[PDB]
Every structure is written in C-alpha cells, then in structure tokens.
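K.L.:
This is what each chain is made of:
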Amino acid sequence: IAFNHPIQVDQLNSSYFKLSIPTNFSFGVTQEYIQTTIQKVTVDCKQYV
Amino acid sequence: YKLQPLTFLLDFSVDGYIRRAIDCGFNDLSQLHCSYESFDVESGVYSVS
Numbered sequence: 046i047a048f049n050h051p052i053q054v055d056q057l058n059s060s061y062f063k064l065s066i067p068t069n070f071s072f073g074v075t076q077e078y079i080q081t082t083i084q085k086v087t088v089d090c091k092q093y094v
Numbered sequence: 008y009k010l011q012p013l014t015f016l017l018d019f020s021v022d023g024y025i026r027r028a029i030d031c032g033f034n035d036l037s038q039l040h041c042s043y044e045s046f047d048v049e050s051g052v053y054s055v056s
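Top line first, the protein sequences correspond to chains A and B. Using this note's numbering, you'd call the opening residue of the first sequence number 46 and step up by one each time. Using this note's numbering, you'd call the opening residue of the second sequence number 8 and step up by one each time.
Bear in mind the hints are in silico, worked out from the structure with no lab data behind them. We treat Cβ as the ideally placed atom computed from N, Cα and C, and that holds for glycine. A hint or two may mislead.
[What the hints assert, rightly or not] Computed spacing ranges between beta-carbons, pair by pair:
id: 1; chain 1: B; residue 1: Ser42; chain 2: A; residue 2: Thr82; range: 21 to 31 Å
id: 2; chain 1: B; residue 1: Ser54; chain 2: A; residue 2: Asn69; range: 20 to 30 Å
id: 3; chain 1: B; residue 1: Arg27; chain 2: A; residue 2: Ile79; range: 48 to 58 Å
[As the list claims (entries may be wrong)] Over the 10 Å line for every Cβ pair with chain B, so calculated as not near, a few chain A residues:
id: 4; residue: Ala47
id: 5; residue: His50
id: 6; residue: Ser65
id: 7; residue: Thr68
id: 8; residue: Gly73
id: 9; residue: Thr87
The task is simple: from the sequences and hints, build the whole structure.
P.N.:
This is the structure we're talking about:
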C-alpha cells in the first residue's frame with residue numbers, strides 16, 4: 046500500500062502568508078444516481094396461491 | 008332457491024336484524040366489498056382475480 050501526501054504549504058512566521066493557487070480549469074466529472082422510485086407490483090390472490 | 012356454502016358480508020342493524028348482505032363471489036365489486044368488509048370502498052383502480 047501507499048497513500049500519497051497532499052500538497053504541503055509551509056507556514057511563515059513573518060507578516061506575510063504563503064498561498065498556493067490553481068493554474069487550469071479541467072472541468073467535468075461522472076456523477077451519482079438517487080433511485081427516486083421503485084417498481085410497483087400487484088399479486089392476484091386466489092390465482093398464484 | 009338452492010343453498011350452498013358461501014361467504015357473505017352481513018350487515019346487522021342495532022336490533023340485530025340483517026337488512027343488507029353481499030356475496031363475495033359475484034361482481035368483482037362485491038369481492039372488493041368483502042375485502043375491506045365494508046359497504047363503501049374508496050374510489051381507485053383495484054386489481055381483481
């Protein structure tokens with residue numbers, strides 16, 4: 046196994062602060078499903094049984 | 008009139024006399040009455056055997 050460490054941005058002790066910012070847009074991603082409804086089933090009694 | 012073993016929905020009045028009945032095996036409607044055991048069933052679409 047190996048888990049990569051996230052971007053490390055050190056913390057200055059002066060009055061300045063160090064920041065890290067993006068360079069590109071790279072839009073888009075695959076997404077989840079909510080399963081709002083379920084199938085409706087009716088059983089005919091005296092026919093199956 | 009001949010007699011045979013059936014299931015009926017009987018309505019007993021306060022004085023214990025039967026003034027209304029339904030036989031379950033006649034008119035899908037009457038099957039629907041014998042289920043719910045009532046002389047009034049709400050409007051809807053009901054699956055029937």
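K.L.:
Run every hint past the structure and note whether it holds.
P.N.:
Quick rundown of the hints versus the structure:
| no. | hint | result |
| --- | --- | --- |
| 1 | B:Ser42 to A:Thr82: 21 to 31 Å | 27 Å, holds |
| 2 | B:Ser54 to A:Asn69: 20 to 30 Å | 58 Å, violated |
| 3 | B:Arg27 to A:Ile79: 48 to 58 Å | 49 Å, holds |
| 4 | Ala47 | 58 Å, holds |
| 5 | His50 | 61 Å, holds |
| 6 | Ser65 | 62 Å, holds |
| 7 | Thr68 | 61 Å, holds |
| 8 | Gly73 | 45 Å, holds |
| 9 | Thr87 | 4 Å, violated |
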